[PDB]
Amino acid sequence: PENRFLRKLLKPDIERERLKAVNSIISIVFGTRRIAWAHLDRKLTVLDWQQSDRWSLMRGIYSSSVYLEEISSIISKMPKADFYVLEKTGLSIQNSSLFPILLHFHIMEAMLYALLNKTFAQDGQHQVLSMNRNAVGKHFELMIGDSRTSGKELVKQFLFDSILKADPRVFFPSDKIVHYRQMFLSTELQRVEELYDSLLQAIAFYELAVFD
């Protein structure tokens, strides 16, 4: 039932032998006010983690000429990778009140698919895929009822404390750890919930699919 589990986990269907030889991934989590990403490798090391806070979007109008010029600026800093992982949400068209959020999510996902998937005309093979949120939550046991709880305690165990336990789950660079700790201390006052989810989703992708 591993194949059915991967069909439920990953909506795009990609062959297993290509997934076995992946070298790097980038996980992207976006919200109404923020977007963040992280970088990882086969021996899990974390070279980059960042967030883009201020933009002039949402408000009352939706115009493609603003979305394009903002997204094209955000993607400029993203380095190359073999695959890009996007988070998918359980929101649907049935929620009549939450429909502007669905508009924002669908427009941003469509533009990310259109820009980030280069060489599609020449080759025809995908490089951007969607991973489910609740399935990631169930692998870290963060699910009370049908609702997913925060994961800040888990990243507090990953960083600011070093218990190897003969099998650590994530690695950090020696020189860049101070900036990471300072950023995590800065973000404790106002809780941004996407910075943690990006890293958790990257670890989940490496564990469930690549190394299985």
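We call the rigid core whatever largest set of C-alpha positions still superposes within 1.5 Å between the two forms. Only residues modelled in both forms are compared. Residue numbers count along the first chain shown, from 1. What changes on going to the form deposited in another entry:
Only one candidate in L195, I203, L10, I25 has its Cα displaced by 2 Å or more between these two forms after core superposition: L195. Segments of at least three consecutive residues in which every Cα is displaced by 2 Å or more between these two forms, once the core is aligned, occur only at 188-195.
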The other form holds:
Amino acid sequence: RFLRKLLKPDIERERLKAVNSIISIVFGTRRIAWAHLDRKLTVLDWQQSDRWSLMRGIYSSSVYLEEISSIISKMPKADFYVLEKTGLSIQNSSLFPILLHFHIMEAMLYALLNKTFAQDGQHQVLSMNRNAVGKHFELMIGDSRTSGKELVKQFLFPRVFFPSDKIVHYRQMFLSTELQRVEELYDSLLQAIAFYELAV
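Given the form deposited in one PDB entry above, produce the structure of the same protein in the form deposited in another entry.
This part shows the chain on its own.
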């Protein structure tokens, strides 16, 4: 019953037990990032892009479709797809543009990634709560979530299990990042590790 209050769709636990590969995606105001993991908790991929022209004052489905298609072109196939589910409220009369951005992003990603949904009605994309990520790792203060740059420095610069071939690229990416809130995109990797810990 715990997973029903953490995952929004009513996915079956028997399918979550038999998983092989997950993509974790986190998008924000300015950039997106994603990570590809296997069942052995191996980091096959971790890539961030910031070539967005989505939010420049005008909202249009054509440019959103173009940018999302270009991004999803550079993603390997995986068994399950997960993305952030920040719980902003309609009742608050502020932060409406970012909420609209989040909903349009979730809509096109849900349709664009859930291939072969018309033939067989199986949901291959899921949402998991940000509070579950901030509570399982216990890096979040009350009614907020603090940054986790110290935690990813603790992993690098056994649970993450970075590969030997691409360890230098990950180290260079970590060392060359000093701004633009890269940890606010590394929450994708944190959420993927939390998903492996909680759903198995």
